[PDB]
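There are 2 protein chains.
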Amino acid sequence: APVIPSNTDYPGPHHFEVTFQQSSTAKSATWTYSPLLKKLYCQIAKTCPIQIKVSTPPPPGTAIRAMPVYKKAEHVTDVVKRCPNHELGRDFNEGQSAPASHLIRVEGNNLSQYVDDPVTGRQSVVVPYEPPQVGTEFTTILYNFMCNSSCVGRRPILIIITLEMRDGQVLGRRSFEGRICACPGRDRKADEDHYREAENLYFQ
Amino acid sequence: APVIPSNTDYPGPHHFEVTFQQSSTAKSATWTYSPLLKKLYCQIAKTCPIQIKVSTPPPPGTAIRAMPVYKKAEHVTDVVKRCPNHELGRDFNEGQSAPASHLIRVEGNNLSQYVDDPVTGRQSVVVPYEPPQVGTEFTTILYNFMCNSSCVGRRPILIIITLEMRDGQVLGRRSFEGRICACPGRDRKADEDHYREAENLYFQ
Ligand SMILES: [Zn+2]
Ligand SMILES: [Zn+2]
Ligand SMILES: [Zn+2]
Ligand SMILES: [Zn+2]
Numbered sequence: 112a113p114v115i116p117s118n119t120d121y122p123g124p125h126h127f128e129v130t131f132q133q134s135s136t137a138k139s140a141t142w143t144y145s146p147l148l149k150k151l152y153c154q155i156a157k158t159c160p161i162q163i164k165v166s167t168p169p170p171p172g173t174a175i176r177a178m179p180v181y182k183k184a185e186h187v188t189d190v191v192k193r194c195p196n197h198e199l200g201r202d203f204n205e206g207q208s209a210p211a212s213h214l215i216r217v218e219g220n221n222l223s224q225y226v227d228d229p230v231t232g233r234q235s236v237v238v239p240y241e242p243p244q245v246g247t248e249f250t251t252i253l254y255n256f257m258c259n260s261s262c263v264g268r269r270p271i272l273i274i275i276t277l278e279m280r281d282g283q284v285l286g287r288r289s290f291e292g293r294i295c296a297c298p299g300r301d302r303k304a305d306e307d308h309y310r311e312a313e314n315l316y317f318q
Numbered sequence: 112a113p114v115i116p117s118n119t120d121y122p123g124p125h126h127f128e129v130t131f132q133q134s135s136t137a138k139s140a141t142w143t144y145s146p147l148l149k150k151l152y153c154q155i156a157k158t159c160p161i162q163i164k165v166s167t168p169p170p171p172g173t174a175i176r177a178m179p180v181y182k183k184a185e186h187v188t189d190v191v192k193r194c195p196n197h198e199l200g201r202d203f204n205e206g207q208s209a210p211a212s213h214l215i216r217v218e219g220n221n222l223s224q225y226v227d228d229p230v231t232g233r234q235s236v237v238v239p240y241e242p243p244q245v246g247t248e249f250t251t252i253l254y255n256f257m258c259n260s261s262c263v264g268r269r270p271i272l273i274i275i276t277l278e279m280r281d282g283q284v285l286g287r288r289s290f291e292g293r294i295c296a297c298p299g300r301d302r303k304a305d306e307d308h309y310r311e312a313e314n315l316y317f318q
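Chains A and A', in that order, give the protein sequences. A prime marks a further copy of an entry chain.
Numbered according to the deposited numbering, the first sequence spans residues 112 to 264, 268 to 318.
Numbered according to the deposited numbering, the second sequence spans residues 112 to 264, 268 to 318.
Quick caveat, the hints were computed from the structure, so don't treat them as lab data.
A few of these clues could be false.
Identical copies carry no separate label here, and so any pair may be met within one copy or between two of them.
[Claimed, not checked] In the SDA-like style, the derived pairs of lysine to any residue whose C-alpha atoms are separated by at most 20 Å in a straight line are:
1) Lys-150 <-> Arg-310
2) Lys-150 <-> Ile-275
3) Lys-157 <-> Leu-315
4) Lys-183 <-> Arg-268
5) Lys-182 <-> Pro-270
6) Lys-303 <-> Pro-146
7) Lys-149 <-> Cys-194
8) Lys-138 <-> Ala-296
9) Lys-149 <-> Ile-274
10) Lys-138 <-> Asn-221
11) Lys-157 <-> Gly-232
12) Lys-182 <-> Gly-264
13) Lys-150 <-> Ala-304
14) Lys-157 <-> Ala-296
15) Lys-183 <-> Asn-314
16) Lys-138 <-> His-186
17) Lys-138 <-> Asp-307
18) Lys-149 <-> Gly-264
19) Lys-182 <-> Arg-268
20) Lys-157 <-> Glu-311
21) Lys-157 <-> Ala-312
22) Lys-303 <-> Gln-283
23) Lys-138 <-> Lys-157
24) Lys-149 <-> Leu-199
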């Protein structure tokens with residue numbers, strides 16, 4: 112059963128790219144991306160957007176999957192899910208139709224597919240690919256992450275984004291580390307400060 | 112060679128206790144202790160004090176050793192030392208007589224012994240035990256930690275404090291996790307905030 116989903120960057124025939132729009136630099140920001148650390152910081156259940164770009168359009172019926180995987184060797188074969196206390200509680204579950212066990216939801220998409228793989232047990236969310244507005248650059252996807260990094264037990271998570279044909283064939287792949295808490299702006303500032311401490315230590 | 116120094120709490124015949132005086136709650140504090148997380152937060156090369164208490168005085172010639180040990184299983188047999196970039200640089204080394212490879216120094220003590228164990232390679236710092244002022248409660252030891260947590264590569271460190279006879283026999287032992295950065299007050303607040311996120315999740 113315990114497969115590790117493939118992760119390597121794969122630009123593919125359509126030069127699939129995943130980027131992040133410009134983010135607030137405030138301690139109060141609802142999400143923020145650190146280019147320095149290559150880390151996306153978001154808040155539980157709040158909009159956490161990515162930007163997709165392709166160089167030419169993909170074929171008809173293409174989709175985009177998001178699949179979280181734990182990064183550390185001792186966790187990599189464990190399926191990433193909502194923590195049980197969030198899963199069985201009321202918060203963000205009532206009035207919502209997405210399965211409570213899933214970590215990743217998509218906001219603003221009514222053709223979302225929450226997948227629980229029967230063979231691997233991996234959980235992911237798939238949406239159909241939508242091209243950008245005529246003459247514009249990016250397709251935006253609004254994710255919502257439904258647990259904090261503090262919920263388990268931090269265990270770093272990689273979010274693997276794939277461009278996929280209707281038959282499942284991978285046409286592109288990128289990934290990013292996602293960090294979730296009630297103070298993402300503060301976490302960015304602290305991680306960047308700690309990083310800088312050490313980056314001035316090198317000799318020459 | 113690769114011994115793991117013994118760590119278990121051992122009050123011993125003199126009920127050896129290690130505590131922390133009241134700390135500033137400011138983001139600007141030079142050191143601070145979290146009773147919630149059981150963590151001491153200090154700054155590189157700055158005073159980082161502990162309080163020793165015994166119920167009756169120990170015997171003549173007794174000493175107190177501080178020995179850092181990495182907490183995580185994959186690091187526990189690695190000797191904890193100053194990172195090489197700090198060790199071979201000028202900062203806090205020039206004008207000072209403590210060996211540059213040592214992580215832990217003692218401030219204000221002129222009988223400090225910097226030990227490099229010939230068999231184990233473990234590095235520690237020993238001072239003679241001094242009783243409190245007549246009719247007072249605590250013996251204070253001023254440590255200075257000479258690398259940031261960011262220096263390696268955080269790798270959590272346990273600081274093991276032992277009360278020892280002249281012959282090396284252990285009369286008492288306690289320990290604490292130490293966290294070192296240029297913003298200890300901020301780290302405390304962030305860790306306590308993240309901790310609280312998760313502590314309200316339990317059911318009943
Ligand atoms: Zn959770
Ligand atoms: Zn936070
Ligand atoms: Zn260092
Ligand atoms: Zn800090």
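Hints, one by one, checked against the model:
| no. | hint | in the structure |
| --- | --- | --- |
| 1 | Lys-150 <-> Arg-310 | within (15 Å within a copy, 23 Å between copies) |
| 2 | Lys-150 <-> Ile-275 | within (15 Å within a copy, 38 Å between copies) |
| 3 | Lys-157 <-> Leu-315 | between (37 Å within a copy, 18 Å between copies) |
| 4 | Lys-183 <-> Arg-268 | both (11 Å within a copy, 14 Å between copies) |
| 5 | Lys-182 <-> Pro-270 | both (6 Å within a copy, 19 Å between copies) |
| 6 | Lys-303 <-> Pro-146 | within (12 Å within a copy, 25 Å between copies) |
| 7 | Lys-149 <-> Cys-194 | neither (25 Å within a copy, 25 Å between copies) |
| 8 | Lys-138 <-> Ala-296 | both (11 Å within a copy, 19 Å between copies) |
| 9 | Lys-149 <-> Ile-274 | within (14 Å within a copy, 36 Å between copies) |
| 10 | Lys-138 <-> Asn-221 | neither (32 Å within a copy, 45 Å between copies) |
| 11 | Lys-157 <-> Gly-232 | neither (26 Å within a copy, 51 Å between copies) |
| 12 | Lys-182 <-> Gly-264 | both (15 Å within a copy, 17 Å between copies) |
| 13 | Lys-150 <-> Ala-304 | both (13 Å within a copy, 18 Å between copies) |
| 14 | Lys-157 <-> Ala-296 | within (10 Å within a copy, 31 Å between copies) |
| 15 | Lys-183 <-> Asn-314 | neither (27 Å within a copy, 27 Å between copies) |
| 16 | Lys-138 <-> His-186 | neither (31 Å within a copy, 34 Å between copies) |
| 17 | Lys-138 <-> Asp-307 | both (14 Å within a copy, 14 Å between copies) |
| 18 | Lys-149 <-> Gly-264 | between (23 Å within a copy, 17 Å between copies) |
| 19 | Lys-182 <-> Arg-268 | both (11 Å within a copy, 16 Å between copies) |
| 20 | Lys-157 <-> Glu-311 | between (31 Å within a copy, 16 Å between copies) |
| 21 | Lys-157 <-> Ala-312 | between (32 Å within a copy, 18 Å between copies) |
| 22 | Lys-303 <-> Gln-283 | neither (39 Å within a copy, 46 Å between copies) |
| 23 | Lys-138 <-> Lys-157 | within (16 Å within a copy, 28 Å between copies) |
| 24 | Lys-149 <-> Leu-199 | neither (32 Å within a copy, 30 Å between copies) |
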